[PDB]
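The lines below spell out each chain.
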Amino acid sequence: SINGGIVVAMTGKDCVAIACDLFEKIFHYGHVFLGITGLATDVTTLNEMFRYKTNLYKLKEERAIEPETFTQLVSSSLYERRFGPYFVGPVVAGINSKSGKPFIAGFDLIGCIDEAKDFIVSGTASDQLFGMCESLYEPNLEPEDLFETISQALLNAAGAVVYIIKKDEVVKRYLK
Amino acid sequence: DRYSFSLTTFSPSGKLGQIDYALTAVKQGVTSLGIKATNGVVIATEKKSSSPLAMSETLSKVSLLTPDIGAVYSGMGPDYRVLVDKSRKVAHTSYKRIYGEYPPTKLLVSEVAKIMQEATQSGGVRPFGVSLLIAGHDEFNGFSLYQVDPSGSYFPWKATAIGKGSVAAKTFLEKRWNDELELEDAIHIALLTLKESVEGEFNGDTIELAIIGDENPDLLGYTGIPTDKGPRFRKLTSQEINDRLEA
Amino acid sequence: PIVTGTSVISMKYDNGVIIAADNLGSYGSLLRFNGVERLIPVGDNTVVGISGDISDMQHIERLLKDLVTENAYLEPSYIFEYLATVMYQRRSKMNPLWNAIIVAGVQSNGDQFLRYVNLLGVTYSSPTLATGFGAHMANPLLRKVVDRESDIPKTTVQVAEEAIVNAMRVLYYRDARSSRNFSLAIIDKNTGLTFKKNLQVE
Amino acid sequence: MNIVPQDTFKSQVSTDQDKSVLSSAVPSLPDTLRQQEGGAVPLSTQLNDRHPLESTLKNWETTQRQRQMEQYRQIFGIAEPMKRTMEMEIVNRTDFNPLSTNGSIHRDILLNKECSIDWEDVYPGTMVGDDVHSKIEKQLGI
Amino acid sequence: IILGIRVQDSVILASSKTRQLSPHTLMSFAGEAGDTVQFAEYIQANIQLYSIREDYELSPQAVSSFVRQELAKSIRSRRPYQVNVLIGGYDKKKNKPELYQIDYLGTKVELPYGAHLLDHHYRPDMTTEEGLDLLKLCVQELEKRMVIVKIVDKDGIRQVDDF
Amino acid sequence: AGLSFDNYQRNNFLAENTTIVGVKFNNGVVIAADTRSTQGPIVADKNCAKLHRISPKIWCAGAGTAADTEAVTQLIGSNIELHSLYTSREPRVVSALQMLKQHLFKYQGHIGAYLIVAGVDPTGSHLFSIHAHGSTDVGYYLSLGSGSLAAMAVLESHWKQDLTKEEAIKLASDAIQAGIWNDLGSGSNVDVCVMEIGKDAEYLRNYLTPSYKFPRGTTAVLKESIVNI
Amino acid sequence: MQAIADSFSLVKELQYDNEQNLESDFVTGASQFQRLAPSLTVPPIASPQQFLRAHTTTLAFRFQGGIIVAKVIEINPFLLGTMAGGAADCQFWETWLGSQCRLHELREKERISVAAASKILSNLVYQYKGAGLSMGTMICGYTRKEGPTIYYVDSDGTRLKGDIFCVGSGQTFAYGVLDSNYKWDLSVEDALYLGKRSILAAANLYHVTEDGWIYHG
Amino acid sequence: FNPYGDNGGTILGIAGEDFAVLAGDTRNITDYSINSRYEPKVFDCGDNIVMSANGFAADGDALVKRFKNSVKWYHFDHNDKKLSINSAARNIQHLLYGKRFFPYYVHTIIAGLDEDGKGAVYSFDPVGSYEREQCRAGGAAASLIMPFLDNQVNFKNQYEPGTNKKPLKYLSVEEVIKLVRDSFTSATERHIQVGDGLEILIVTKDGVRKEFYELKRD
Amino acid sequence: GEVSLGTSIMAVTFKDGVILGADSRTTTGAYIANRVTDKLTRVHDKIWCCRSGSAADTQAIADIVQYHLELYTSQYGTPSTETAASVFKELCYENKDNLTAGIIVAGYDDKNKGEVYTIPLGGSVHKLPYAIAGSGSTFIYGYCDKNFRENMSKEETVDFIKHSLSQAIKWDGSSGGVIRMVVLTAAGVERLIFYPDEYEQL
Amino acid sequence: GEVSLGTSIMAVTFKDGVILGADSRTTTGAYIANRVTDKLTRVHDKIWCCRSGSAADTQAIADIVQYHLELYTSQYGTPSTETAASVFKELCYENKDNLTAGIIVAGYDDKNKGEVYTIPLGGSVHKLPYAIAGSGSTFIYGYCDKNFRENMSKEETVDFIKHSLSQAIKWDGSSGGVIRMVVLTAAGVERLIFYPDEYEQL
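Chains as they are written, first to last, in the authors' numbering: chain a, 6 to 27, 40 to 175, 184 to 201; chain S, 3 to 249; chain Q, 37 to 109, 120 to 248; chain Y, 1 to 125, 132 to 148; chain b, 3 to 18, 34 to 133, 143 to 172, 179 to 195; chain Z, 2 to 18, 30 to 222, 231 to 249; chain c, 1 to 9, 14 to 59, 76 to 90, 108 to 240, 251 to 264; chain M, 21 to 184, 187 to 191, 193 to 241; chain e, 14 to 215; chain N, 14 to 215.
Don't take each hint at face value.
[Claimed, not checked] Here are the simulated DSSO-like cross-link-like pairs (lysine-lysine), alpha carbons at most 30 Å apart as the crow flies: (1) a:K191 to Z:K58; (2) e:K167 to N:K124; (3) b:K90 to Y:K19; (4) M:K233 to M:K101; (5) S:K108 to a:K75; (6) Z:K233 to a:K197; (7) N:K159 to e:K167; (8) N:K140 to Q:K242; (9) N:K175 to e:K159; (10) Z:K177 to S:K231; (11) M:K176 to M:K201; (12) S:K108 to S:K231; (13) Y:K141 to a:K70.
Hints are computed from structural coordinates only; laboratory data are not their basis.
Turn these sequences into a full structure, and let the hints steer you where they fit.
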């Protein structure tokens, strides 16, 4: 089944990583990347909704949404369906265009914000990957050391894709 | 009774009469003006009072819309007050409650313009008899100054003035404005323009002036969140205004 | 459980152990029976404090008097082991004793003894033990006096006693089933067992 | 004189209860194309196992308003609720705007909601029947 | 039962019903009686209204997106009815077949084949004759485990008596 | 409008398939909280900041459904901001309490936010608790969360009338430490906010704070591509 | 205004403020007997369906001369309906359907298509689907354009067309005996014979013609 | 009446070449309340056998007391013969399955040496399936403990850098002890139940050694 | 798990007016969430009430009553206690299916010189010389019925309320803390408080 | 639907012995099945008990007790009231899972000069100066606690029991009828009865 699976995001120096075990579950709205686990119907509905919202944002502001503002947009859009939520675990990752601050966040079904600075995991096998990330993770990884850390952690969580995000470029990679 | 005919309509000339008459009501209002500096914006106006027994400290013609955005008006004060209330409410509801941050000045101006425009379509209400100068700062658009007219049209300005003195003030600004003003220079030019525009007693209690500037952490009211930003809108006290006038 | 006993609190100190109980049996919300003594000294060197069902309390108190009467033909550890075994076998019989029990005392070698047991047979030691509501409110206060087993030699009997009285005061403030009257026992390796009846929160 | 909305369930149901969306071919059944609800499949019988809160949260404000009018009738007499209601209906009936979703600026003043937000303000929440003409026809009752 | 195969030239669909959404787009569906057919016919009426208004066929991807959206909107108000839909269409703009499946929750996925075995048989380069042979094989294995047949093509939709 | 119900029946069908304290003192009130956050047994985020701001001098901390406490707290902070602007007055803590309890009452307890609201206003210092059903009680000291019993035990053992600012901060941080040590849900750092009747509120983030990296090339890259945006 | 005032001016307790109640009890005229789509009372509770729950053989086939069908509600002189399921629900909804048909024929000045009539029926039954209305009406007729036409309609809202329908307790015996003989090119009295034989194998005749249905006893 | 509870805490068996490690946290839990910070969760059973019945504490104590008594009887009957680790495992299997319809609500691990002197670890289902294993975590944070160790003692999903598997290594007993240390440190950092201290039993051909290490008290 | 006002409340008419007294404990199960809560709620200057049942519904009701009565006072001058009781009755009754509230209303009113109304959970209203309610009232029905007298002095009524509420506190776990009283008379409103050391030693 | 002894029973020790009193109503729901039932049950000449809970289980228990105590008396002479209470305790406790019985035991015994034991539903035993039980006891806890005195005379204790049981009858629907009392003293056993016209006009 294509429902569920796992998404993880992780912070480096001047970079972030986001990865999932794969239909697709990582989306991007300009320079802000949203990973969503859960029901694939709800993943698709969230993708359509946040595409709508961020397109209207970009049209009204003449400006691409910043990851912190997109995080607040995701939070408020999830809470709107406080009763009968989407069965999803979204994760946002990105870098602020002005400050270059690498940013990650993750949410519950109703948009509580973790905003943890080190790493965020969601979905199936979350406690296994929490243990992996805690053990493997070290702060201030280089972009390629960050790639190795995220990709190895994901492979040991249980066919994967990795985005390495710089301020000015993004590298997309795949894993068996 | 299910319908009410539109109160605002085009004349055979193609001009919407009630819009022209609202702009005339604006022309009748007391002078107000605003000036972009490189490092701030000034907005100023006369506190005309119907009596010396009135409390000038209650004639709040300049009002905060957001910590980074302020408004002034000429014309029907009650309409301005209702528009300020609605603009604050929409700044919270439409934007702060969605994105967790205050709107940029451009979008709050657009929201005020939308509110003012719809009074021009309704068959139940007249248009608002006010034009607003809205000055503000945005993290990306920087300092900005907009003039909103009774039609709900708005344009960005480097400096402008509205009301009785509007034309003479706009000429004084056009000769005296330059792209290098500091906020203290803009404040001085604003005070000189209003001195030239005001009628009768010109003192720190017959004027009020607000600025958009750097953050004021002493106006934030709390300490210990170092990323958190003091308000950039600041009304000058009549003491400070008098200390400017002694220049 | 019909008539229930409120809560037992206890801590060990440099020379001994202190245990306290609020001498009250509640009939649901009705504070029906006062003067229900819930601290049961079992010879000179141990006190068994019992909480929960007062009828089961009086059955375990007679099991303990039976134990003493047979031994007359004890260490705290032996009384505990017997109690824990009874409790666990009653659990496995699906016929639990609805009680939580702390066996406090001093071993003949002079080691302080504190063990908790409940109707499940769950057991643990600690520098401080409390049952029921005392486990949430009293234990935080006693653990401020002896947080770790290296604090035991630092803690005088006067300070342990004042801490126990303060914790009983806090329980009386914040436990709706607490009485103002309570009993306190001090088991000291040097001075033996001191059992202060009918203390009052003040 | 109610705090929680009491009267909150339909006492009678019919295929024709929903007006303005009826089949022109057979004026007894809904128009499932014009409903645009995803077919007939939202049959009216499926109005079952509603969330316990929904039937009270939808009409909470209406109940508060009715209590307020009742209090004004008890204390001030029939004149005050009549005046309030007449004002409110004048506002509602003269504000026609098919493009705006926003509430009237004067409606908020009458409701004393000038300095109040609710989730209905924050979260104000189609191939057929969305047109301006459908709103004109609803409002005039064409 | 419903079944479909995307071939190099055509989409092949089979079922133990179906609605033609457009000359180059076909819908097949399975699920609860009434709910499923009322849904399918509301969908058909919508796609026909679009096609009339624009005088242009909606692409198979847009059709499947519309069906996904309408199914999700159908569920929101009521208990989810069991339904599954295969949409087979020839995209006359990209000039290639497309097959979409939509589950009872409105989960939509593009599939090479689906139903509501072939991994040992299915090849993307097959011709519609090979596809019809693979369909025959699949039905033979189905009758071992215990149809109307349609083709979608440059020349539209076709009935096949070789069931 | 409002909070949607639009997947209630859907999600039903599919399902068929902390320590916080407030401490009033002689000229103010201190509120403090731990900064652990947990999902199930798992620490979702250490150093989570639990002290919310309703107004410059009205601060809040909550338990129950975190998203609910956040949403209601930010809604009431918006209403308090707008009301302060409308009345040109520094907002009262009793006004926040009133509108917060009327909001929670409107939702009949289905919005599961339990809160301690502390603040200073022109009428003095105030400290309140609010429950998800909309019931309130005033106090001189309060505790909330899974560690509420341990913190209340500390407050009741050490609280006294006419605490000083420093003594009150000490008491509050001791009660949070007792929570951290005695409750599993509490842990990591202690946050404190101090409001004095004449003074700006002093927020004190983390007032108390009680290699395996693989060589490059370890992971089997399958292929690479550039995504641009 | 005065209307507003009179809203604030004993009738609340017995709910004779409610207009639909006044109509139901025939206070505000006979209007309850002046509405198409009769209004049905539902219990004012969170689970009406729970409160509600807590409360023959016939044949048809198409042939050269029309259809023979072998409790057949005379919906119209050109439409027949096999009452099946709850007799009350059948009698009521078939009478309502006959009235809808009469209105259609009046407005459009044509005999209704049997397809149209069966669709109207299935749509209404679907709209009440899940609340009572046990229903199995087989709809039979002849129209100059359509010719002989058969549609079954179900409580579940199924609608299905076919050359033969066998329903009821002996349906499998009737179907087996018929398929041993059925043809399109039957002669009229030959089709009557085959029909009677197939009913007798499952132990009324109605002959359906362009000029209406005929009963052969 | 529910005859079971969850007392939290965690256990970890690692088999070496000439050693086996059994580690467990010492914190005892009920609900969100700490019952004690030092219960010995792992036990020397004699005959160079170390045991821990993780799960419901009372059933673990019962099972380990029945096992120790069975060992006493094994010695009485067989004149102090060393119980073999396989015979110990079979004993514990029969002790467990005797509860088949009222099981000990525990996952239990024994560590020892086999007749070769090779490191041995066995783990048993509460109804007494068992396997010889090289390593096994158990308890609430087992999912945190194990994958790290499966990434540090084994090298699974690692490759020689750019040579798109790196070979596994034998580890000294102190090096695996240090890896247990680091693993439990990470788990107490991220799982609230992982105790205030880590106690490690080292089985060697010389006998059993006990080691204790402090962990964070929150 | 809503907050319910476990309580002992007691209003008594006397020669000069009415005294309304209450305990000050509130409980969440066995936990005392506040041990010094003020249960006496002013709805008007000389009109006071005590609340029982859920804290949320009773607080909402009492706030709506205070609104209604302030509006009334602004229109007609000071209401009678019968007016207030009528408003309480209407709110309790028309929401009876949704809200569980029981109210003792006490108030002074110079035409009536002090009145007491009790509104039990059903939303009946009964004027009485005195009323007792809450969990702890059950234990003192016989005491109040034997010891109550018409036209007591102020001091006699204060003594009577102290002895009654002290016995309610003695027997009920859900009530305790300080005793609080308001005295309502033509002279004004007087707050009174009695501490455990002033009423337990009775 | 078993018969439960809805009841107000009250035993009081006094200077010469003990008085045990009861109402005489028994109810099946709202129906009074017998309005003059004698709830006082002799288990020995000077040892009497009152029964509460189910009528069948308590009657079986009391008959087994009377058997056991007659056998005892035949072997050792007259039992003490503590013996009888022990037998009651053992029967109530070892059948506690099957039988619901609560007993007040009163008896005179020349070494002890009158004793009272109450055995609540749990099967605890508590010696008391006086005991009250049954539905109607709840309404008179405050009265008995305020008005009871140690070493009352016979006449004072009869008055006290009359006033208490009359208030219990007043407030409890499940208790009523005549009040019956036995006076147990060294002088013998004396039956007393008080009719409604003798205790309602109090």
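Pair hint S:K108 and a:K75, alpha-carbon separation not exceeding 30 Å: It holds: about 14 Å lies between the C-alpha atoms, which stays within 30 Å.
30 Å Cα cutoff - pair M:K233, M:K101: 24 Å, holds
Pair hint outcome, Z:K233 versus a:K197 [Cα-Cα no greater than 30 Å]: Measuring from Cα to Cα gives roughly 21 Å; hence the hint holds.
Y:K141 paired with a:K70 [C-alpha distance capped at 30 Å]: With a Cα-Cα distance of about 25 Å, the restraint between Y:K141 and a:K70 holds, given a limit of 30 Å.
Hinted pair a:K191 and Z:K58, Cα distance within 30 Å: Satisfied, since the Cα-Cα distance of roughly 26 Å is no more than 30 Å.
Restraint status (C-alpha distance of N:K140 to Q:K242 at most 30 Å): 21 Å, holds
Proposed proximity, S:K231 with Z:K177 (alpha carbon, max 30 Å): 26 Å, holds
Restraint status (C-alpha distance of e:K167 to N:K124 at most 30 Å): 50 Å, violated
30 Å Cα cutoff - pair N:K159, e:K167: 22 Å, holds
Satisfaction of hint between e:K159 and N:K175, Cα-Cα up to 30 Å: 13 Å, holds
30 Å limit on alpha-carbon distance, applied to hinted pair M:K176 and M:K201: 20 Å, holds
Given hint Y:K19 paired with b:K90 - CA-CA distance at most 30 Å: Within the cut-off at roughly 21 Å; holds.
Going down the numbered hints, you'll see the structure goes against just number 2.
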